[PDB]
Structure formats: structure tokens, C-alpha cells
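*Asks:* Chain residues, written in single-letter form:
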Amino acid sequence: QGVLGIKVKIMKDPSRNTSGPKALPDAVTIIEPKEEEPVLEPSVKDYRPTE
Amino acid sequence: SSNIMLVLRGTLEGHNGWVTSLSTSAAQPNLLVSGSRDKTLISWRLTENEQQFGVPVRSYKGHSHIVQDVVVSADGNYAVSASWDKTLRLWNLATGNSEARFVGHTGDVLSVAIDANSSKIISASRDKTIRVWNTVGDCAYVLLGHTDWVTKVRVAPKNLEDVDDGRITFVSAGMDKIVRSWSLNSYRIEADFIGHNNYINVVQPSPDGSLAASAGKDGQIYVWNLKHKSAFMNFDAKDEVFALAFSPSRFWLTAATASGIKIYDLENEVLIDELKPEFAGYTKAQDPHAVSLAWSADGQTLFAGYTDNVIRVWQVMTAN
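So the protein sequences, as listed, match chains D and g. The number in the authors' numbering is simply the position in the first sequence, starting from 1, with 178 added. Read in order, the letters of the second sequence are residues 3 to 164, 167 to 189, 192 to 326 in the authors' numbering.
Okay, chain g solo, but in the shape it has when bound:
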């Protein structure tokens, strides 16, 4: 069932380091902000004309070191960048200048999260801590509880929780081999998740916000319930799964293995498609793996940022 084929449609050249992270806003479907190892963000405008799927719009210089995680705002006009210089930068997606410079992490920041609304900034850093900031730039909360580095923090979207609660729930993980849930208003702990043999490389809550997918070094992908606080399922990728991403339309998990990109069909608990682009002049032992994954707003296109300094887009083209 669902004989869905996805084919590479364009390549977004222009970066100069590994495209570490990607982000897309639901409101604005034709804009894509990508941060790379070249210490710069790039805003891409997507064109449905010919070979190139997008067009770079603005490069955001101002970061001294590696840019790890990139998050766009809900409205699609602001972008928060986490870099390896222990600082966070807020950028106006049109002006190109920085608005706020969040400072306070003693270790280089690895991930950043946007609030459901435009209120709070959640940042994870190597200093074993999480920081909650306002949009102005000051740090409101210093959440502890992790004894090692925290690599990924992405907010669980509130779908239909009771009506309304004014409570902000997200997850956090890193080299502590644990996954933690946090609730904000106040701004304290929630349930835990201990399933990983090795340390967690990346976590990503489902678009609805009730499934949390975590991945690690051993390629052991775990899927948990947050609102139920229980395990949902478990698979093995048998490679290095660098990044993973849910899909808005389909019930799918893209996983960036060290060898290629797997897609897991969640309802059938079986992988369906594998993505391995064709490079040239290599030795098949160091083919550029994927480090960043991001689906489109609808769930029609997939953006993958590789170590070959390239964004490649796979458009879903169901060949019957």
C-alpha cells in the first residue's frame, strides 16, 4: 500500500561547510533557513522552475564558529541560530541584521528551540545545562539535571491539550544516554526516558506532539509516548543515525544513517525507502552522509544537508 516514490529534484549549492541543520515555517512554505560549518546561515527561496529547487536570499554572518542548530520563528520572519561560540543569535529574515545576542553558556551551544508562540527561547549547550531566554536576549531560567552534554532539544507542539494550559512541554537529550521531558510556565521537570544503549545524538517530537523519536550512536531508534509516558516502539538502524525527522502528512520517520537515509513507515513498522545519492570519484567508504533533515510544511519535499556542503531535495513523486 501507498506506493510512494521520492526522487531527488534539486540541489541547493552555496554553503561551504556541512549543512548541520535546517528549518522551515508552516506559514511561509517557500523559505528555508540552513546553517552550516561555514559559520553562516543562508536563507533559500524555493523556485519551481527547473533543476535548482531554490535560490539563496541572504547570508547571515556574525558567528565566529560552527553553526550547529537553526530554528525559524512561527511567523516565518525571525530565525534563531545556535553556534559553537557559546552564543545564540536572533536574525530578522528580511533585514539580515542580528537583533539579539544571547550570552551565558560556558560551553558551545549545540541546539536551540523556539517556543510554540513567540515568547521563550530554549537552548541546549555542552555545559550540561539548558537555558530559557526571552526574545530580548536575557536568560530567564538555567535548567540543570543533565550530567553530560545535551545535544538536542525540540519542543513538543501542543495539539489539543486541555482547550489550553499555558504550559510548555519539550524534550532534551545528549551524551547522558537519557531523554528528559520538561514543562514550562513553573519551568520544572517532567517524566524521564531511559532506553538508549549508547548516547543520544538527536531527538525530534512528532508534528502532533504525542510521539517522541530519539536516536543514538548504535542506530537504535526509540519511539516513546510523552502524554502517555511509555515506549511506543523500537528499531535498529545498524549504522550511525546522525539526524531524524517526522513528516507532517505521512506517518514516517526519516533517519540520516551514516550510509544513506532510511525512511521508516510507522504504521507498518517496516522501512520502505532508502536514499543514497550518486557521487563521483570516491572510495565508497567515506561517501558524504546526511547530517540535517527537514520535511516540507505539507509533507511533499524533503531537504537533506550533507557533509559535502550541499543541500539535496527529494520531492515526493508517486509513480503510481
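Chain D with its partners taken away, still in its complex shape:
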């Protein structure tokens, strides 16, 4: 009875989109900081001197 028009759109996963950007323009990733212990006040640890 006629013609049907078909349009298909797929938005791929940006992380897997090689050869180009790997994220959206406004996708911001923040690295989680590492936790460390500061209490060692004097701590003059000595290495064997070299010359």
C-alpha cells in the first residue's frame, strides 16, 4: 500500500568507543584520594650514605 520510512539511532557506549574520545564532553571523573597516616613526628629515618 505504500512505503515505510525507517530511522534507527544507537548511542554507543563512550567508554568502549575506541579511536576518539572515551566520554561525553561534560562527563567529569574524580579520582578518589588515598588515605594515609600522618602521626610520625620525628621520624628521621636514615639510609646508608653513598659516595
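The hints are simulated quantities; they were obtained by calculation from the structure and are not laboratory data. Yeah, the Cβ is synthetic: ideal placement off N, Cα and C, and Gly gets one too. Treat the hints with caution; some may be incorrect.
[As the list claims (entries may be wrong)] Looking from chain D toward chain g, a few residues come up when the C-beta cut is under 10 Å (computed):
| # | residue |
| --- | --- |
| 1 | 209 |
| 2 | 213 |
| 3 | 216 |
| 4 | 217 |
| 5 | 218 |
| 6 | 219 |
| 7 | 223 |
| 8 | 227 |
| 9 | 228 |
| 10 | 229 |
On the provided structure of chain D, position chain g as indicated by the hints.
*Replies:* For chain g alone, coordinates are given in the frame of chain D:
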């Protein structure tokens, strides 16, 4: 004892960014090289005539980004500039042209050090590495051992070590919250120093070369022995100490706090004087703090480079 007063005697206007670093040579007392955020070095000739304490001589253009640390040579004829373009530049203090362009740091260089003689250039950069160069321009050594940025590297002067050794000792520190000692000929590690709660902003060995003074974000200034490898003392500045400097004549530590400039008398373990210039039209919460400090060769004048793009000199005038 030692009722010593220091009074601002001149202001060295002419820069256009924060005067990040200063340097002075022992041989030439009337020359002062200062690098600023305006990507340029300026050489100043000091005049003992009237209000202005100095006179700019040459501006050293050729740096694309922020100029962080400036070091003059021992003879007083060459100056090495570290900038935020990941490159180092060697300048003839008279010609005004650059001699060498040290390249190789993947992060912008934060500090540079001159050898005791005119042999080696020591540079610290944001790429967690230290680089040892010849005067020609090539990089001889790539010292690692720091897991984070290295902000300051200044050489410990050899005073009387046995006679002579041909060994080159300096210190390094940054955002690793550690202070490291290095020895060169070969060109390997030395003892460590772990005292800082926060990360170290600046270190500066004593003029003799046996006391190392480190400072950080928390204002916790530490003084250590290098030849003895032990702590010497500890104070708190309770502000942001941006830079610090030993003094040649007196046994003193100038510290550039976020509020002003403290001076610590080392023998008495008590601060003696505080330096806060008088600005105008501010709100007292953002007064321009000091970022660069440098004493004179004798120990008579002090140069402080602020964030207001100005060098201010405090001359020591003992009012009895």
C-alpha cells in the same frame, strides 16, 4: 639582647606578576634577579641614593608560562630560570640572551638549583622527578624516588667537609610530605626526613650547610641536621608559610606567612619581629602575602616578593 630593628627602605616596582622567587650572588652584592608570574625575569641594580632601593637592568623574555624559581650563578654572571612551560632557561646576566634551553620535564618545573661550582644544574618538576643537567643543556641524571610533585630543591653548601670530597649534597621536597637528601658525583640517595603533617611547600638549607629548614601548609616549620641526620627543632607558624630563608650574618629564619613575615631567632627559639606592610583600599582578608624571600650577601637587607607584583626591601636599621 640584639635589639635589631628592620625597616622597609625601598620598593622595587616593575614586575607584573607575583614575584615568585629571588636570588643574589655573594660575589656581586648590588645585583638581584627576580622572576615573576609575568613570564619574565628582571635584573635589578641596587642604588643607595633615595626612596627606590634598586633599578631594573634587563628583562629576560622567552618563557611562555609562569616563572617559579630563579637562581643566579656563583660568579654572578649567569642565571638559571625555571618556568611553568616544562623548560629551563640559562641567561647571560649582561647580554640578556638565553644560552641553553633545558628540555625533558613532562611536568612544569617548580624549582631549580645551582651546583656549588659551575658544573651541574638540579631541577625539580611536577612530574615527580628531579633532573641533573650539564651547563650545555643535556640532562645527565633522572633522579626518582618521589611519588608526588617536588616543589623545592636547594643545594646544601659544603662548608668544611673532609678538606674536600667532590660530593654534591642537596635536599628535595614537595607534596610527598617527605624531605629527601641526595648525594652527587654516584648521583644517588641519602638519608630521609619525615616530619610534616601536611605537604612541604619549601625547603632551604642553612648558609653553612648543616641545618635544613622545611615548611608546609600547616605552618609547622621543622629544622633538621643533615650531617648529623636528626631533628634540630620545630615551631608552628599557624598560617600558610609560603617561603622561608636563612640569614648569612644572624642565626635567623625569615618565614613568609599568609598574614605577614615572621622572623625566628634560632638560638633563642623565639620569634622576634613581624613584618606587615601598610596597603590601602583592602578588606584585611586578602592582604598581599609574601611568596619570595632573599637576604643580602652580608645579611643587611631583605628582599620580599609579594602577590601585589612588588618587591619590598627591609633594610636592617638597629635603632639602638
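*Asks:* Next step is simple, just say for each hint if it's right about the structure.
*Replies:* Hint-by-hint comparison with the structure:
no., hint, result
1, 209, "violated (13 Å)"
2, 213, "violated (13 Å)"
3, 216, "holds (5 Å)"
4, 217, "holds (9 Å)"
5, 218, "holds (6 Å)"
6, 219, "holds (6 Å)"
7, 223, "holds (5 Å)"
8, 227, "holds (6 Å)"
9, 228, "holds (5 Å)"
10, 229, "holds (5 Å)"
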